[PDB]
Each structure stands twice: as structure tokens, then as C-alpha cells.
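Sending over a structure as C-alpha cells; questions will come in a sec.
A protein chain is absent from this complex, but the other protein chains hold their places.
Just so it is clear, A, B, C, D, E, F, G, H, I, J and K label the chains in written order, and each chain counts residues from 1 on its own.
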Amino acid sequence: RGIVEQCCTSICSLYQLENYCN
Amino acid sequence: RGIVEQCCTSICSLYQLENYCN
Amino acid sequence: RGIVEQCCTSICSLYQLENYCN
Amino acid sequence: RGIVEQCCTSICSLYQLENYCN
Amino acid sequence: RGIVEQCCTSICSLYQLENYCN
Amino acid sequence: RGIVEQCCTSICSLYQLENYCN
Amino acid sequence: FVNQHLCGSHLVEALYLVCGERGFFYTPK
Amino acid sequence: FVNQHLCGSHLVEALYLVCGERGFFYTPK
Amino acid sequence: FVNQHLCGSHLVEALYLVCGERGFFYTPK
Amino acid sequence: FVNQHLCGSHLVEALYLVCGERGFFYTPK
Amino acid sequence: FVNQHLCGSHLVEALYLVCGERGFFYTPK
Partner (left out) sequence: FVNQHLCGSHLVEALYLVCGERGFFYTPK
């Protein structure tokens, strides 16, 4: 519950970021 | 009508890039 | 009264942004 | 002496891109 | 094995761009 | 004592920034 | 708008600016 | 505040890199 | 604070897109 | 400075960094 | 990951995203 909340506060690694790909 | 072929390989007008908005 | 004030706090759409073009 | 022709088509030195500062 | 020649002139996989991490 | 501290709070000019080059 | 070829991350950022609060889909294949 | 419009510009550049040929749906929502 | 030097980087990328062939004057002032 | 062709949004961002508080004009035609 | 030629400031930003807290070296000559 969701990208703007999770990746804008703490850094999101590339591994966290793949969860938002198709 | 593929966005790369449309706007990167060819040139897209503003109206044609709005097609790809949600 | 002016771009840095208006577009950095609230989002500025493309329509607001054309006002700063030549 | 046009900035695209100068710095994008040719290569600009740092001094030559300062010409375009206010 | 030079990074420009590797990833800009050729194409780099993700593993090959990690070689250049600290 | 060091780049993230000095260039993220106050603006760092290009002259300040060359100190971090090789 | 700019009249240019928009490729790679540039075309992404354009979509971002243009579509705004509605959001967008990028499927390049 | 956290500015989500400036952060969203970075994240869409980051998703562009990370997804590649897969692509992604983005919604500032 | 709002950081206007980091925001100004985004706005000039945004004006580049939006003005195109017209161009623009920018002043962080 | 970098010794390269600077085009599109790259040349904008360079102008931004170089000119600083004085600001710049971009008129590409 | 994206399967493309990554050049100039793009390759920098990729390094930034990929290497993360460890950091990176960019020596292009």
C-alpha cells in the first residue's frame, strides 16, 4: 500500500522497485 | 499503435501522447 | 508573481506552465 | 550564433555556454 | 574493460554495471 | 566534510563542485 | 509542446508531465 | 512536507530502468 | 524547507518540454 | 567541464548549473 | 533491467540506482 508512500520516505532498492513492474 | 514507434522513432504530437494516459 | 513560488508548492499543470514560455 | 548549432550540433566550451546566461 | 565502451557503446547487463560499484 | 552535507542545504556552485572530481 | 523524437527516459518524464494526476502506462514492446 | 510530485519524477525514471521491456503503470494515487 | 534549487532543475526540464521551439527565460529570482 | 554534444533537456540542465542565480535564456530556433 | 545503450548522464543515474548506499566510480576515459 503503495509506491509514492514507500519510495519517497525511505530509499527503495531496485529489488523493492521491481514489484511495481508489469 | 506502439508508443516507441509512435513518439521515439517518429514524432508525437501532444494529443498523441495523451492517448497513453490513464 | 512567479514560477518558483507557484510551481514548487502546488503542482503546476502544463497549462500553467505555458505562461512562462516566450 | 545559435545555441543548438553551437552546443548540440557542435561542442561548446564552458565559456561559450556562459554567453547564454543572463 | 572501460565503462563507456562496455555500457554506452555496447550494452551492459545488470551484473556488468555492478562491477563499477564501490 | 563532505558533498551531501554541503551541496544539499545551500547551493553549491560549479567551483565548489570541482573539488569532488578526480 | 516540443516537436522532437522523445526516447528512453525522456519519453517517460514527458508522460509524467502530460498525464499528471491521472497517471499513464508505459509498455514499450 | 515530502514533495511527491518531485519524488514521482525520480521514481518514474527509476521504474523505466528497473522494468525495461516489461514496462509499468504509474498512478500518483 | 522547500528546496528551490532542486525544484528549479525540474521546472526547467518541464519548460523545455512545454515551450519547445518558443523557448523561455528562466531566473531563480 | 564535459566535452560533449549537449542537446535537448541536457543542454537546459547544463545551462541551469552553469549560469546559476543569474539565470539564462533558451531560444532554440 | 533495461536492455539499452546507457550513455552520458543516463549511465551515471543508472549507476546511482544500482549501486545504492555503496556508491560507485565513474571514470570514462
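The rule is short, and it goes like this: a contact is a pair of C-beta atoms (placed from the backbone, for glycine too) under 8 Å apart; a residue touches a chain by one contact, two chains touch by 3 or more.
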item: Absent chain, residues of subunit K that touch it; value: 8-9, 12-13, 15-16, 20-29
item: Touch residues of subunit H, complete complex, unshown partner; value: 2, 6-7, 10
item: Residues belonging to subunit J that touch the chain removed from view; value: 1-4, 13-14, 17
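What we mean here is this: only the chains that are shown with their structure count from here on.
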item: Between F-J and B-G, the pair with more C-beta contacts; value: B-G
item: Cα-centroid distance, subunit F relative to subunit G, in whole angstrom; value: 32
item: For subunit G paired with subunit H, centre-to-centre distance based on mean C-alpha positions, whole Å; value: 11
item: Mean-CA-position distance for subunit J and subunit D (Å); value: 8
item: Multi-partner residues of subunit F (each touching 2 or more other chains); value: 11
item: Subunit I residues counted as touching two or more neighbouring chains; value: 2, 7-8, 13-19, 21, 23-28
